[PDB]
Amino acid sequence: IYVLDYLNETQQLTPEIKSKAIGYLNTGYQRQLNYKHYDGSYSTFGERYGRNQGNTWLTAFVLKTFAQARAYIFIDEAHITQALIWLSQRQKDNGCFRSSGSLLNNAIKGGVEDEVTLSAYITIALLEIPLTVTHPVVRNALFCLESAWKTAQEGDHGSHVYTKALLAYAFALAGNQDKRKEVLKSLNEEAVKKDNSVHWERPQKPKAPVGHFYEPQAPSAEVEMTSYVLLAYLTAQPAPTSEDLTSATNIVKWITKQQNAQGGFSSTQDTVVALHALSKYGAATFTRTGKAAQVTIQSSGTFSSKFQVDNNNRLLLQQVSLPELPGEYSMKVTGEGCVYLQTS
Amino acid sequence: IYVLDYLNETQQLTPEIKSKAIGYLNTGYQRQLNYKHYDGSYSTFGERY
Amino acid sequence: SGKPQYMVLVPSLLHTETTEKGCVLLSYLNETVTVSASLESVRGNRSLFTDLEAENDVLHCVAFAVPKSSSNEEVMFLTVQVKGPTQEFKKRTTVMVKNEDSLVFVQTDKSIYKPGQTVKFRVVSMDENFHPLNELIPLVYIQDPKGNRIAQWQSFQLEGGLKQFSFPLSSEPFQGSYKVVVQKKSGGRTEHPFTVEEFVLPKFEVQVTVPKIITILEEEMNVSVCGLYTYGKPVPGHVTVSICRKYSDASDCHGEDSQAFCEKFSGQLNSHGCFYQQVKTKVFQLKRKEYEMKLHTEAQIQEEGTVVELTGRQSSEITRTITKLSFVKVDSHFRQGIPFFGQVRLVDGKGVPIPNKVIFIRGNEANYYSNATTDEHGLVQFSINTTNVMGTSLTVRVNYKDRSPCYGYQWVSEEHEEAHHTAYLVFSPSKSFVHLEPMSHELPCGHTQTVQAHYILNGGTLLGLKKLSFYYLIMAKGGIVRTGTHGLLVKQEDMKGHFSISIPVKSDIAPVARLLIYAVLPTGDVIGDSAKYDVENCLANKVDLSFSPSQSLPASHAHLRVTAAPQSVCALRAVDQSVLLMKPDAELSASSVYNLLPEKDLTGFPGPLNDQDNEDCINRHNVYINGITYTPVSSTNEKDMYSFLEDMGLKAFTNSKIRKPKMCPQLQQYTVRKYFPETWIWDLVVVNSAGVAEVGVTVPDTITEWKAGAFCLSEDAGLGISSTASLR
Amino acid sequence: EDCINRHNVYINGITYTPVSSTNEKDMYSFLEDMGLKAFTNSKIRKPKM
Ligand SMILES: *[C@@H]1O[C@H](CO)[C@@H](O[C@@H]2O[C@H](CO)[C@@H](O[C@@H]3O[C@H](CO)[C@@H](O)[C@H](O)[C@@H]3O)[C@H](O)[C@H]2NC(C)=O)[C@H](O)[C@H]1NC(C)=O
Ligand SMILES: *[C@@H]1O[C@H](CO)[C@@H](O[C@@H]2O[C@H](CO)[C@@H](O[C@@H]3O[C@H](CO)[C@@H](O)[C@H](O)[C@@H]3O)[C@H](O)[C@H]2NC(C)=O)[C@H](O)[C@H]1NC(C)=O
Ligand SMILES: *[C@@H]1O[C@H](CO)[C@@H](O)[C@H](O)[C@H]1NC(C)=O
Ligand SMILES: *[C@@H]1O[C@H](CO)[C@@H](O)[C@H](O)[C@H]1NC(C)=O
Ligand SMILES: *[C@@H]1O[C@H](CO)[C@@H](O)[C@H](O)[C@H]1NC(C)=O
Ligand SMILES: *[C@@H]1O[C@H](CO)[C@@H](O)[C@H](O)[C@H]1NC(C)=O
Ligand SMILES: *[C@@H]1O[C@H](CO)[C@@H](O)[C@H](O)[C@H]1NC(C)=O
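Protein chains in written order, with the entry's author numbering: chain A, 984 to 1327; chain B, 984 to 1032; chain C, 26 to 695, 730 to 787; chain D, 640 to 688.
To be clear, the hints were calculated from the coordinates, so they are not data collected in a lab.
A hint or two may mislead.
What the hints assert, rightly or not - Pairs of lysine-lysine, DSBU-like flavour, derived with a Cα cap of 35 Å: (1) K115/C - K1075/A; (2) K664/C - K1075/A; (3) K1019/B - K1003/A; (4) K1019/A - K116/C; (5) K228/C - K349/C; (6) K1315/A - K1236/A; (7) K491/C - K456/C; (8) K93/C - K1001/B; (9) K1019/A - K1019/B; (10) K1075/A - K682/C; (11) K1164/A - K116/C; (12) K1176/A - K1164/A; (13) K1019/A - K115/C; (14) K354/C - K204/C; (15) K625/C - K1075/A; (16) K687/C - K685/D; (17) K1164/A - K426/C; (18) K625/C - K1001/B; (19) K108/C - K1075/A; (20) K93/C - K1019/A; (21) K1075/A - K28/C; (22) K664/C - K687/D; (23) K1003/B - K1162/A; (24) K209/C - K1001/B; (25) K521/C - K557/C; (26) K171/C - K1001/B; (27) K1003/B - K1001/A; (28) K456/C - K557/C; (29) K139/C - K209/C; (30) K1003/B - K1075/A; (31) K204/C - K1001/B; (32) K426/C - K46/C.
Here chain A stands alone, though its shape is the one from the complex:
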């Protein structure tokens, strides 16, 4: 569905694959419906015996996917509302939700099952819905989140990375642009900038004896941390700026080069979230209409240069080389249609 978003945003879409995916969607949806809880929740098996309680994280993932499927195609609001109240019922007055564990595997998931991160993925997948940031539940969540950020932050360690960035995104949803950029800067604190782009890891090794092979209880969760960061810098109320989108593009380059040739990425989680972030990247930047750019580069040494970027040459790359030991190089662009420019 985030794939379809990719197609639509980037415009690379035929009705054929579109109908194929549609049939895929309806089928997977209903196969999911066979595994739910009559409360509204979801487990890996569920039905044909009430000898269980459903999970949460799953149901939140479900909620999100249901949201976007709504965003194009038809789906019952009843189910989101039921899963929502179910979440609430697994809410504490002051504490967060609880990992009501009924899963089978964890590489499916992109965190450490920390209750705060759990709640965090929940509430953020919530606020992607049309939601009043002043809602009761989410207000309570935000108290969790805020307290949680403080203890993460003032304490030298709070997982140092991912907890913190997901916090960043929920803060982004709020209106708390101040808190947003603050924890954003805390993410930039342990920054992992590269030759031509940036990223983060988890803390580059787990300190305890770990690993050996197969990513056992540790799927390395390396991208989705950046995906939500690619939301983090991005999304706000009015519209975005330079700096946000610069850092975005950096990690976007990290992202697409981190893309896997077999298809997708290392997993489904990272894949979904990257595609969401890239889609909205385009949904801002990629103006399918904006088609009349024009540019001049001017250096004080009158090393002139003139180009154009348009839909017909959309993926073009009009490189041009540069001799002046001192840079005096004044960029200038105009018109319509987004451009990413790179020099070294």
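Based on these hints, arrange chains B, C and D with the ligands on the given structure of chain A.
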């Protein structure tokens, strides 16, 4: 679906019964898809053999 | 001294279009506190905000109120917030909402008509209370037998809270069973069926008095027949009757008269009174496989050739069960620190007790087998010493664990019903508890009641204080109808025994009468136990009827009167009940008004919502018997305060130890001028501050039982019900 | 012979929860591993119901 036709023709209709039966119908549609032959045909049981 | 506490109570099945009330305890330190129960919809936004200053240890009950909403039904998040200067409490759950249906209904002029006749009926509006409301109606109409909507009246409003309509039928319009029906803004629909047909007026209801209930051990049977008439006079003539067993050994299918043994009796009505008969039940073989008795009695009224029948007491069950004791004041519960007693009854057969017949008590897992007998009423009182195990299941019988006559031949139909009842106990980690001795029987009204309770307090105020309160509530109708309080100055460290209360039965309380009451510990715990009382059909606005006496010789000047509230109104009915001898009316009683309701009672939360789950799991790796051997993990099953207050019908917010300390499941997994008969009165009256007396005028040559019905209303009191002035 | 099987486990305190065996050592077992047997009335055996 002919009931829905009726509901829409005779104009006695709300979006809610609509949504309910939509879910019903996507479901039963798919359950039927699980009884086909790969040629395109259908049967009482079909799939899995 | 003790811990700081709070508590706040409310139903789950809210209503709309009125206020609905809950209540609140606060108490214990830094009591300069406030609250607010925030009702805030989940999707989008809305808020029926309410705020309130918080005192201590008092029950003031605020009644917020409700508008309509977007959808008809929904959940609703409730969330409370409390703020003391040094304390607080915020706590939430879900609640049911419902853009309701007002329970509404009709009274008609008739339950029958003939050619060329004219409908006359009325209808009602209501709220939760029966204090009526003013609103507007989409439509009410009439429906022929064939779906042919036969008229219309539309877009009318209710200020009376009733309204009254009419219509003329043509010469030969539709035969069969007519139908008159409504619908509402939401779409809720409702009827008042009836028929149009032809008939000669009956001046006689054949009537009998013959066993409702013959049973197994019956060798013959009593039969009696009585012809009421005009004026209840005694009638002459001939009568014939058919006491009948049903559904005979034949196949019943298309060649076989399923009407099994009909014994036919020919009686000749003497000059006065009643024909009598004693009938033998041999030929019916009141035994294994022959069916319920049906009995048809038919009077050839002389000088008329007319006969009619009344299937009298059709539903006779000749039940294998006999000596059928019955529990009456059977408790649901018991405790490990109480002398409890189920006060128990016995009856047999027809519904009458025997005195002085011995029975056997069975005490199972309390090991109380014993013997007792019957009194004048078959009323008995076992009572049991209790230092026993959790789950108890009880009985006493007059025979033993088998059907003494030829049990398992598959062809025998005798039984002794045996006493059956299950009772549970409280959880109380204090080991302190309450339990009550209700007045468990038919509750009157126009009275009150004192209600004894038994208070057991292990430790009581552990440190606490010398004084402690008592707080009782009676909701009904899913509502709240009354409330109040009490307390006692607590003996240091013992278990002081007995005291009681009062409660009135003015009105406003449904056929339900739930009671609870709970006496808190400032430690942060509480106890309390339930109740239930079969209120009888009793009302707020009182009324009866009175009239200038019976007078034949149609003196037109003739009155009728009612007492009622001083600024009020009445809608009224008279009938020459000849046509309405031929057929009854339909369910015209105050109980009808009661049972029409949305959720007469509320026990158990509604559907969609589930629970209020907690996190506090307590599972040990193993239960840790330091001693004999490690006993493993498993659940329990007993009764709870949470459960008391959910079976109540409702919910509250605290942090006391209410719900049991239930545990997580296993995480690990794999001279006379004919004026109109068949109607006397269909008209309307207002109630001055001293009562009406209308002049409903005499009518000729129409001589019978004439029931006549009354309805009334007011903003301040409510609706109107009272019985028949037979101005014969 | 001594069977201490309660009808229900009488697990006084908060709730009731069932029974099962142990797996622990005994004088009985010390002396059996030792090699021998003895006669004595005392409480040596775990009272295995
Ligand atoms: C792809 O998804 C979009 C929803 O995001 C479907 O609706 C499209 O919505 C976009 C908004 O991003 C529309 O573009 C608009 O263009 C107008 C000028 O015509 C401009 O004023 C707005 O600011 C906005 O940029 C777009 O018109 C609308 N439909 C399209 C793209 O034709 C869209 O239908 C989906 N495309 C599919 C299913 O392939
Ligand atoms: C319900 O079924 C109808 C098909 O009968 C679906 O299409 C609807 O068709 C009707 C015609 O029967 C359309 O009404 C039109 O009104 C215009 C005036 O505005 C008139 O010029 C046309 O001759 C015609 O009478 C109607 O617009 C059209 N869509 C509707 C009813 O919204 C309809 O989609 C079905 N509705 C559903 C999905 O429930
Ligand atoms: C809340 O509900 C009101 C009711 O009309 C609506 O106007 C409003 O848009 C909703 N949200 C907010 C933020 O007020
Ligand atoms: C309010 O209650 C708390 C809770 O026990 C108590 O410790 C305190 O002395 C009281 N007064 C305050 C907090 O000023
Ligand atoms: C039945 O009628 C007889 C007289 O015929 C009377 O003695 C008896 O009390 C009545 N009731 C019975 C027998 O159940
Ligand atoms: C029941 O036991 C009592 C002793 O209290 C005894 O008098 C009576 O005879 C017993 N019942 C029967 C059936 O004998
Ligand atoms: C009931 O008998 C039991 C026998 O154990 C005894 O402990 C208890 O005291 C008796 N009841 C009362 C109220 O004394």
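Indices of hints not satisfied (ascending): Those not satisfied are hints 5, 14, 17, 23, 32.
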